[PDB]
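Asks: The chain contents come next:
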Amino acid sequence: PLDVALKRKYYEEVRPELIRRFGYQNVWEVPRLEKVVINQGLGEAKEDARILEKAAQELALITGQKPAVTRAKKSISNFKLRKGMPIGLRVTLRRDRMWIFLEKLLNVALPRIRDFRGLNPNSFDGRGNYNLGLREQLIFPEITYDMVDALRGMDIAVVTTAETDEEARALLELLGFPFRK
Amino acid sequence: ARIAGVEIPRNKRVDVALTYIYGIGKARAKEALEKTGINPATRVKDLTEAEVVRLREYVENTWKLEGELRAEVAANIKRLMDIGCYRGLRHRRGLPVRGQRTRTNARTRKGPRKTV
Amino acid sequence: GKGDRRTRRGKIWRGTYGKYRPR
Amino acid sequence: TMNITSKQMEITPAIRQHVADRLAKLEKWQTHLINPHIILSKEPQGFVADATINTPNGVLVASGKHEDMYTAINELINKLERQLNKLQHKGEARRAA
Amino acid sequence: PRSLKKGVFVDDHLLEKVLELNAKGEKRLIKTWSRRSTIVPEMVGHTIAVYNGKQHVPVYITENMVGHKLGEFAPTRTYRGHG
Amino acid sequence: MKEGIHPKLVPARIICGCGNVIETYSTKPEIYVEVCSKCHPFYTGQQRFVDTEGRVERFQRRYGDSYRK
RNA sequence: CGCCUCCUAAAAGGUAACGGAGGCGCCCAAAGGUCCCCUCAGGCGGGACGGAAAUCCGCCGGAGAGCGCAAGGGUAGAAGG
RNA sequence: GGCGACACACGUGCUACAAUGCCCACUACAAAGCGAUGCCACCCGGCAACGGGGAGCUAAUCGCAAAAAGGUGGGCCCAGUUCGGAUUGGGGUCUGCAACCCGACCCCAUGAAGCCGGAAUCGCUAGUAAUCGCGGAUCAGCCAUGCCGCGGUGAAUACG
Ligand SMILES: [Mg+2]
Ligand SMILES: [Mg+2]
Ligand SMILES: [Mg+2]
Ligand SMILES: [Mg+2]
Ligand SMILES: [Mg+2]
Ligand SMILES: [Mg+2]
Ligand SMILES: [Mg+2]
Ligand SMILES: [Mg+2]
Ligand SMILES: [Mg+2]
Ligand SMILES: [Mg+2]
Ligand SMILES: [Mg+2]
Ligand SMILES: [Mg+2]
Ligand SMILES: [Mg+2]
Ligand SMILES: [Mg+2]
Ligand SMILES: [Mg+2]
Ligand SMILES: [Mg+2]
Ligand SMILES: [Mg+2]
Ligand SMILES: [Mg+2]
Ligand SMILES: [Mg+2]
Ligand SMILES: [Mg+2]
Ligand SMILES: [Mg+2]
Ligand SMILES: [Mg+2]
Ligand SMILES: [Mg+2]
Ligand SMILES: [Mg+2]
Ligand SMILES: [Mg+2]
Ligand SMILES: [Mg+2]
Ligand SMILES: [Mg+2]
Ligand SMILES: [Mg+2]
Ligand SMILES: [Mg+2]
Ligand SMILES: [Mg+2]
Ligand SMILES: [Mg+2]
Ligand SMILES: [Mg+2]
Ligand SMILES: [Mg+2]
Ligand SMILES: [Mg+2]
Ligand SMILES: [Mg+2]
Ligand SMILES: [Mg+2]
Ligand SMILES: [Mg+2]
Ligand SMILES: [Mg+2]
Ligand SMILES: [Mg+2]
Ligand SMILES: [Mg+2]
Ligand SMILES: [Mg+2]
Ligand SMILES: [Zn+2]
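Chains as they are written, first to last, in PDB author numbering: chain 1G, 2 to 182; chain 1m, 2 to 117; chain 1u, 2 to 24; chain 1x, 2 to 98; chain 1s, 2 to 84; chain 14, 1 to 69.
Do not take every clue at face value.
With a cut-off of at most 16 Å between alpha-carbon atoms, the simulated EDC-like pairs for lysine to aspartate or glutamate come out as follows [said to hold, decoys possible]: (1) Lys8 (chain 14) <-> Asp97 (chain 1G); (2) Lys69 (chain 14) <-> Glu21 (chain 1s); (3) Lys6 (chain 1s) <-> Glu23 (chain 14); (4) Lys79 (chain 1m) <-> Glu69 (chain 1m); (5) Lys46 (chain 1m) <-> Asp147 (chain 1G); (6) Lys38 (chain 14) <-> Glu32 (chain 1m); (7) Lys7 (chain 1s) <-> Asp65 (chain 14); (8) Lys43 (chain 1x) <-> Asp22 (chain 1x); (9) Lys20 (chain 1u) <-> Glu32 (chain 1m); (10) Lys69 (chain 14) <-> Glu73 (chain 1s); (11) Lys79 (chain 1m) <-> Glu23 (chain 14); (12) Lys69 (chain 14) <-> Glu43 (chain 1s); (13) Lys65 (chain 1m) <-> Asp147 (chain 1G); (14) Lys26 (chain 1x) <-> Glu68 (chain 1x); (15) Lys8 (chain 1G) <-> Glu57 (chain 14); (16) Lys65 (chain 1m) <-> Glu53 (chain 14); (17) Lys69 (chain 14) <-> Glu64 (chain 1s); (18) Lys36 (chain 1m) <-> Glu69 (chain 1m); (19) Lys69 (chain 14) <-> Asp12 (chain 1s).
I should point out that these hints are in silico values taken from the structure, not numbers from a laboratory.
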């Protein structure tokens, strides 16, 4: 396994502070990151130019991991949806890769966001998970102006072993997630 | 997204290119290129990351810009509209604010021609 | 530009002076 | 579009529209009635309805006079019809020799 | 607008009426025909009735409405739209 | 992981405008970025960037006290 | 006017009326055989463009979904994917 | 307070849509008029509008004064732009008892429509048309892009 700064920060700084703050009686009870699942709802590639191999490339540069395709569960009229149509990507980051992604999200991506005023305090799942959406992929250090044909955002799910929101805010905050309020 | 949030046109002279930022006209343009000692004649595609960060650093720190400049203009109008002054009224109808005649013309505020 | 106050040519037209056409 | 002037008189949107209705009689000839102008006025002896209209082949200028405003508006229309029809068919007058 | 050099303009005759209200401990409606007058920091919290040409219009004066004139908040034209 | 479909991650230095250098991992070895967390206003205490205004308006005009009483 | 499904049909089968309601006259080269794997609808909470409903995360959720087409029977310990 | 309204419609015009052009700078050549709580050189402050100083002149003397297109040099490189300058935020100057309705000017920011205009329709036959600036009457200031004049450079075309 990789030594990555954020992973270390978790074990060294965050683990203890948390146990202090909630008084856990077991090492396994203290909150862990489980998975970061990144999604591209897309579907601007429904019929059009389902060469979103361009996006799969962009996403694979961002995560270091090749996304897999999502296709429609049912046919839909008003959105123009034949069932089985390729309308999104999803990459499930775990372990070392999850950490590296977050490391740069937290250090570099979020900072580059336009008029960034902090992550949303209320986007907490209510079972201790957090979700946030991006509008553009130029936020990541790996995707330059030169390489992009068009602006597309994404959905980020960060999944946690905490049972409650209240614990999750703590873990995520301590790790360095910047919250507006 | 170079300065500041916007990727200013390469292939252009820095004095001109900077004008492509919301909040920077001819004036503020010539001003920054002096305060950071760079040649206006230098094509943006020819700037040292050094020259660049000098430009970036100054400009973002001395003048309110892009989204924050707009927010204020919004906030200014926001309040003018809510206090109920006469300039607020003209905003509340999308009409002209600076005493212009509205029997004819006034098309930029009104939008193009609306049927009767 | 005759309608652009912010030039030389503007200020000749409006019959005025300033930073952009000084006396 | 069509413009009506009421000189030293107050007239209703009804009366205004009635003028549009009588003028449409001119659409019969199927040519462009360009910026038609109707003027209504009350002389001592009865109302006057004047109109000036340009069409691709010329101008219609004419005037009605009657104790009754509606009747004058009509007489205006006749004069306008006759002129308009003279415009539209005078050209045909000499295809031989 | 009115030069920074010259004064801030209030009609004198309104200011006296304001100041008199400050001393005795305010507050009643002040009828005035002075649209020209600046709202002034000591006017804050009154409700002055401003003339438009027909009506004397109630304006509660607030902290945010301070540099603006008196007539700015008693409109002169009735307009509910066309047709 | 499956071979042949994934961009290799290698040690990588992201160079920010504050002159910060971050030792992390990427599909690209060296990166230059305009900003980072270390120098970003929202992050950095509460760096009130260009407007340290104190509003400034509206009571706060004060030009001046010269109208009589 | 032949054929299918339900009811009438009186808890085996069968059972009429110009009785009550619907369907067929095709289709699939996979929509067939087998091995392996997977599990739904829906509700709530969370998430850029994105909406009642596209894709993503969480918790609940035995089958109310699916099963080419009518209906019925059947069926996730799969016949579904 | 209104005459300055504003779903709309018409007439007159201004400024443009750009390279025969646009910006910066350096440098030339008019005429007619106007000017005593009037025009104001020159000096100073301010990016500037302007402010403070302050000489001349009842004016073929003194001043408004710079004419502009032009010329020399430099940038722009065909992009809704170094085109266009509408709209809007903010900050000032002046006149005036007083600029909310409703003045003009300056400066920062904003930077619209507009890529040469359907039906239709105007002017002008020579120092004319086109283009360019300067004055005046009214007038505290000014919505003058209007009006009356003045010169600069200066065509095309008329079978009939
Ligand atoms: Mg929440
Ligand atoms: Mg959890
Ligand atoms: Mg990038
Ligand atoms: Mg700009
Ligand atoms: Mg008006
Ligand atoms: Mg311009
Ligand atoms: Mg007549
Ligand atoms: Mg023709
Ligand atoms: Mg049969
Ligand atoms: Mg039976
Ligand atoms: Mg039975
Ligand atoms: Mg039976
Ligand atoms: Mg039986
Ligand atoms: Mg049997
Ligand atoms: Mg039968
Ligand atoms: Mg049948
Ligand atoms: Mg198959
Ligand atoms: Mg099968
Ligand atoms: Mg098979
Ligand atoms: Mg579900
Ligand atoms: Mg939802
Ligand atoms: Mg949304
Ligand atoms: Mg949804
Ligand atoms: Mg079923
Ligand atoms: Mg069917
Ligand atoms: Mg009038
Ligand atoms: Mg028109
Ligand atoms: Mg005009
Ligand atoms: Mg005069
Ligand atoms: Mg533009
Ligand atoms: Mg356009
Ligand atoms: Mg431009
Ligand atoms: Mg062009
Ligand atoms: Mg033309
Ligand atoms: Mg032209
Ligand atoms: Mg035209
Ligand atoms: Mg002649
Ligand atoms: Mg021109
Ligand atoms: Mg003039
Ligand atoms: Mg005058
Ligand atoms: Mg005006
Ligand atoms: Zn930094």
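Asks: Against this structure, judge whether each hint is valid.
Replies: Tested hints:
no., hint, result
1, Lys8 (chain 14) <-> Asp97 (chain 1G), "13 Å, holds"
2, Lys69 (chain 14) <-> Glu21 (chain 1s), "10 Å, holds"
3, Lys6 (chain 1s) <-> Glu23 (chain 14), "59 Å, violated"
4, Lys79 (chain 1m) <-> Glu69 (chain 1m), "14 Å, holds"
5, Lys46 (chain 1m) <-> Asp147 (chain 1G), "13 Å, holds"
6, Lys38 (chain 14) <-> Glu32 (chain 1m), "28 Å, violated"
7, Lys7 (chain 1s) <-> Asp65 (chain 14), "13 Å, holds"
8, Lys43 (chain 1x) <-> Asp22 (chain 1x), "21 Å, violated"
9, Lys20 (chain 1u) <-> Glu32 (chain 1m), "14 Å, holds"
10, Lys69 (chain 14) <-> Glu73 (chain 1s), "25 Å, violated"
11, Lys79 (chain 1m) <-> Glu23 (chain 14), "45 Å, violated"
12, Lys69 (chain 14) <-> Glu43 (chain 1s), "11 Å, holds"
13, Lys65 (chain 1m) <-> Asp147 (chain 1G), "28 Å, violated"
14, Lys26 (chain 1x) <-> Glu68 (chain 1x), "23 Å, violated"
15, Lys8 (chain 1G) <-> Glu57 (chain 14), "47 Å, violated"
16, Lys65 (chain 1m) <-> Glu53 (chain 14), "11 Å, holds"
17, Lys69 (chain 14) <-> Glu64 (chain 1s), "20 Å, violated"
18, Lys36 (chain 1m) <-> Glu69 (chain 1m), "23 Å, violated"
19, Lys69 (chain 14) <-> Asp12 (chain 1s), "13 Å, holds"
The structure fails to meet hints 3, 6, 8, 10, 11, 13, 14, 15, 17 and 18 from the earlier list, while all remaining hints are met.
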